[PDB]
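Chain residues, written in single-letter form:
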Amino acid sequence: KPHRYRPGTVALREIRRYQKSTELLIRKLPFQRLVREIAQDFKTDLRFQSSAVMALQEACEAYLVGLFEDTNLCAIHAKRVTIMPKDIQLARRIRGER
Amino acid sequence: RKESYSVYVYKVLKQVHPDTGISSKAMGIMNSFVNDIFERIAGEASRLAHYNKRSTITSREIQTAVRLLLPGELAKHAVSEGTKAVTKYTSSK
Amino acid sequence: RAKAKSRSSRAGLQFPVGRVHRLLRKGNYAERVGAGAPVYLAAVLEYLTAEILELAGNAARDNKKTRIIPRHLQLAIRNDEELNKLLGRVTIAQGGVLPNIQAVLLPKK
Amino acid sequence: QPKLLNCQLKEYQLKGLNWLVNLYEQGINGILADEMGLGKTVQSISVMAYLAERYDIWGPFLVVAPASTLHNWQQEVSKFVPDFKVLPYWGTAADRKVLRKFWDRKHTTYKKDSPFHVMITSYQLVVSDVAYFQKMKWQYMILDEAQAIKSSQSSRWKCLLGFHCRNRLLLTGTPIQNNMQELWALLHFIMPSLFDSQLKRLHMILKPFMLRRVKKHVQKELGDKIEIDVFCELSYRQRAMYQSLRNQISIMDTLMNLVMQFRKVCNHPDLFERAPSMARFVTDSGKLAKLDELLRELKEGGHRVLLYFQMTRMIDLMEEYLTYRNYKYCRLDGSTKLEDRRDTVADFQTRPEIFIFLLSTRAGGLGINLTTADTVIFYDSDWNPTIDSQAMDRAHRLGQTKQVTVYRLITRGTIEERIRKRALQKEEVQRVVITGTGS
Amino acid sequence: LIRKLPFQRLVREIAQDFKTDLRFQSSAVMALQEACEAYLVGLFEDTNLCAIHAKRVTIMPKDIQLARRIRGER
Amino acid sequence: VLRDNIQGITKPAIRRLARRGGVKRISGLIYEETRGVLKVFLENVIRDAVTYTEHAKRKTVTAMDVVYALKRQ
Amino acid sequence: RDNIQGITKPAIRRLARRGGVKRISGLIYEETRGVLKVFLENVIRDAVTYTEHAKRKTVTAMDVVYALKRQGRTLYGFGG
DNA sequence: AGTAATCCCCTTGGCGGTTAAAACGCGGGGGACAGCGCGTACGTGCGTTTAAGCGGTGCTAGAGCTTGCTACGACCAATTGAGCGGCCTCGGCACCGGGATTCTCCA
DNA sequence: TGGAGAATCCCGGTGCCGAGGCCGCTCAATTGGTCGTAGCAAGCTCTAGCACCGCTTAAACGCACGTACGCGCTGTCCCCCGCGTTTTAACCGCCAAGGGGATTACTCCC
Ligand SMILES: Nc1ncnc2c1ncn2[C@@H]1O[C@H](COP(=O)(O)OP(=O)(O)O)[C@@H](O)[C@H]1O
Ligand code: ALF
Ligand SMILES: [Mg+2]
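Protein chains in written order, with the deposited numbering: chain Q, 37 to 134; chain P, 30 to 122; chain O, 11 to 119; chain G, 964 to 1160, 1186 to 1241, 1256 to 1277, 1543 to 1706; chain M, 61 to 134; chain N, 21 to 93; chain R, 23 to 102.
Everything labelled a hint here was simulated from the structure, so no lab data went into it. Incorrect hints may have been included.
As the list claims (entries may be wrong) - Straight-line Cα separation of at most 27 Å, DSSO-like style, residue types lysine-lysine; simulated pairs:
| no. | chain 1 | residue 1 | chain 2 | residue 2 |
| --- | --- | --- | --- | --- |
| 1 | G | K1566 | G | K1669 |
| 2 | P | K40 | O | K119 |
| 3 | G | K1693 | G | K1060 |
| 4 | N | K79 | M | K79 |
| 5 | N | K79 | P | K82 |
| 6 | N | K79 | P | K105 |
| 7 | M | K115 | N | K44 |
| 8 | G | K1204 | G | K1693 |
| 9 | O | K13 | P | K113 |
| 10 | G | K973 | G | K1188 |
| 11 | O | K95 | N | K59 |
| 12 | N | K44 | N | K59 |
| 13 | O | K95 | P | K113 |
| 14 | G | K1048 | G | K1098 |
Go ahead and model the full structure; you've got the sequences and the hints to work with.
Laid out in structure tokens, this is it:
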């Protein structure tokens, strides 16, 4: 029989890994292509500096990491340990994005 | 020819922590921090002059700006540092 | 033609009272810039730079590092209540986050 | 002569070395203005090898060339002194940064151990890296085809003027070019203490500062440039366009536009707007018809041909025509990278299966050998006559294997007439302003 | 909604910390009151969503604290 | 000196403000929590409004000083 | 094209770990992709507006930083 | 003074591989969620009393505006040295490996 | 309580690349004098902010009391986690291209 950590144990071990670190968590090349797509939707035959798509990635990831915190507090404010779409929808409505 | 605060940041760093270095990316955030707070103060000083109908950005404008933009204890310590720097610029030339 | 000594040296500052005078003019914040206004501002810019780097040098020392890193700036800025209030809408490149796990998430007995 | 050369100088080149040495030892500058193909790139090496063997100067020597010539220098310098140490300062910025590591400032005269004696670079690099070319001092400078300097308003004149160089030598094909102030820029460059800012007196004051031998007196085995100004004729499509475009002159009062727009359709109407078949494409240009006929006659003759174009888009259209027929070819224009220039010139010179070389007038005209061609066709002509002369003498050159012939595809009745007439005038004027060996 | 006189006295009481014997223009009080009522109304909205999200209908102090925490007021 | 005037925003007033926010039912602990919210807000408005007042060396706080304090929120 | 699907499930997981989240409904992932692109659809259009109004045919790092700063998300490190 | 060629540089695109990250399958566990019972805590209504609101009176602090001038900043030309771009190097930090200590889970 | 084993830490070694200091120079900060004006100063006007009184009645408070709703408990089931397998595309490097921006040449027009 294999040894097995319980459900939720490695979620905590992962939290302690992605907190306490600074690496970018979205893969570089996929984010570039999404940015180029959204750029095409606004102005064709644009170009981007490397530091422009880096600057744009850093702002996005910080926005999503900071958003999840507010949804975790919504989840934890209900009885739940699990975040659900209605927590994002409440968080963004309290923030005033929604 | 670009211009940077890096040499002035180093000469503050080597005062507060003469042993301690700074990485270029950290120095970049120091440039961004100085630029952002310089412009935030000057922006309020502009508005304080504008509100008063005055053509001059005095040290009085920057004092009232500093007491608006900074938290209560950073405000008082900064106002202290600023008021003595001017008081030693005055009584020189 | 006397031997020039910088307006910073006379004010007693590292930060450049000259650039702060020019930049207060180039930005056209107002028509006229007082003589002491660049001095007062250059002193506050120098002071706040020391506040950041004092706490960040401590945090660098805690990490057993000789050299300050964007991580240490974030830790300093968020640990100090007033820097955190001064920068509560600023994202720092490669700052990361504070280690913070909500109490309910830690395992039961 | 310096035994370091591992080569003989020719008779005329040895007197040329003596002149160049005399100017150096007397502390004065001059122009080596020998006719194209007589060997100025060799006399330039001989004086460095003398400064090595006679005085152990061993550099630093700066050698500034047009970009397509830079491999001609790199190779021939290595030939005419096997022991010289050559720095090839060209490439991307990162490559030049790696090359610049060898610019020792600390010795103003280089030891024979120094990592170079001679440095070859582009007329664009000396202006692009000027801040690095300043903060340096040169024992000698060659400007390898100095008619590039002839505009005193050019930055490459303003910059190279002040490089802190103890002596300077210009090589040129014919220095007189458009006029006399455009000569003074070359004279001021070498001797700004003397010249600062009647046509009988010049011959007696340029003589100390110029040497100007000519290929009737030198290399007599290079039989004359047989030439056929063809005076071919428009075709129906071109003349419909030409008349519709010449009508614009009647409406006018814009030749600054139209002379190009006229010469575009003089070359091929598909440059203006494209037609679907080779029968139309060959025959709807009077030039391309007469060219295709002549190329057939030449290929049956076993000739190998250089075609010069003024418009690079015509090198594309000609390259369609060539690929739609049986002809193996090379291309060399100002869009090519320098290694492509090196190899295509070497490829053409390697093997006689290649029929035709397409060359742009300027990028392909200036200064590297094509001595296994035998026929030169100006499909279009340079409106400065001197540049067509350099192009002709890339074939008509020392080592030229066979009797050269030259063709020029003048379209009768077009704006092409004005251009070759005025080139004919200007080459006459240029022989008013010079005739005589110099020294 | 708030009674005018006890808001004036609240304003006076608060202001006395910063400068003794300030004066307040009558319009300046209303500009503070109309901002405070609008701020409290707009916060109770955000708390009511927190209650409704936690399946309560009765708003509770942890709803105010969650509203402010997400608005960044704390 | 004045004191305890934060009890001048009564509990019915907090009801009206909550009902205007759509609240159906109100915990009895809200009423003191609302005062800890209003006080921390109204302090940091008036701090700026007075800082704008005294800069012009005046003594009445004007509606313009309030507007500039709110504009700093 | 749908490079929004290139914001994969593990990446959204990693971001939620840094956000301190223990357990994630599988419905969160498609919600998070919708939220991310609505962010990018505002920052890039302002960053492009800067490049267009300043008459350049490339987008620089500082165009983004002005675009962020103008929407209240000041970024230090990329100029700024 | 114009327009076209030439040449630099820097961004985009493609090709190959290699391996690290994403996707997929599957058991089970424990957390989401509906259901239940109670009890206490909030909404309602009434009688009480408290002071907010209004109309009216009185005073003076000080907001707001004009006059007069000189102290202070704008403007220019000559001087110079503080600050930037380029080049070099060695030491700090990362990355690895291997044994030591810690923590988690089923017994 | 123990134990096994995975996961996290530590200690020393390796090496590489970026931090810290040096060098040349330019151009931006400083010195010196001029000149205009604005805002600091003294002075008048009267607005409106503060204070007090007295009345009215609508708003606030204390209390009774019913029942609507918050909260801990119980049961279930479904669905997201932990771990092995399969596979795909992100990363790296190297070559091409093209494009654009600066410069240079030559002619026509003024
Ligand atoms: N003395 C010589 N011995 C052998 N070859 C020579 C000599 N002089 C010139 N050549 C050849 O003449 C050819 C063209 O000479 P070059 O100097 O390049 O002409 P240009 O005057 O246009 O530079 C070169 O290939 C060179 O090898
Ligand atoms: F001197 Al030449 F082509 F004539 F290089
Ligand atoms: Mg030559």
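Verification of the supplied hints:
1. G:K1566 <-> G:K1669: At roughly 15 Å apart (the allowed maximum being 27 Å), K1669 of chain G and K1566 of chain G satisfy the hint.
2. P:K40 <-> O:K119: 53 Å, violated
3. G:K1693 <-> G:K1060: At roughly 44 Å apart (the allowed maximum being 27 Å), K1060 of chain G and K1693 of chain G break the hint.
4. N:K79 <-> M:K79: Satisfied, since the Cα-Cα distance of roughly 9 Å is no more than 27 Å.
5. N:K79 <-> P:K82: 18 Å, holds
6. N:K79 <-> P:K105: Since the Cα atoms of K79 of chain N and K105 of chain P sit roughly 22 Å apart, the hinted pair holds (cutoff 27 Å).
7. M:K115 <-> N:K44: 13 Å, holds
8. G:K1204 <-> G:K1693: Within the cut-off at roughly 21 Å; holds.
9. O:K13 <-> P:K113: The hint holds at about 25 Å.
10. G:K973 <-> G:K1188: 32 Å, violated
11. O:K95 <-> N:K59: Answer holds: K95 of chain O to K59 of chain N is near 19 Å, not above 27 Å.
12. N:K44 <-> N:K59: 24 Å, holds
13. O:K95 <-> P:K113: 26 Å, holds
14. G:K1048 <-> G:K1098: Measuring from Cα to Cα gives roughly 22 Å; hence the hint holds.
Checked against the numbered hints listed earlier, the structure breaks hints 2, 3 and 10; every other hint is satisfied.
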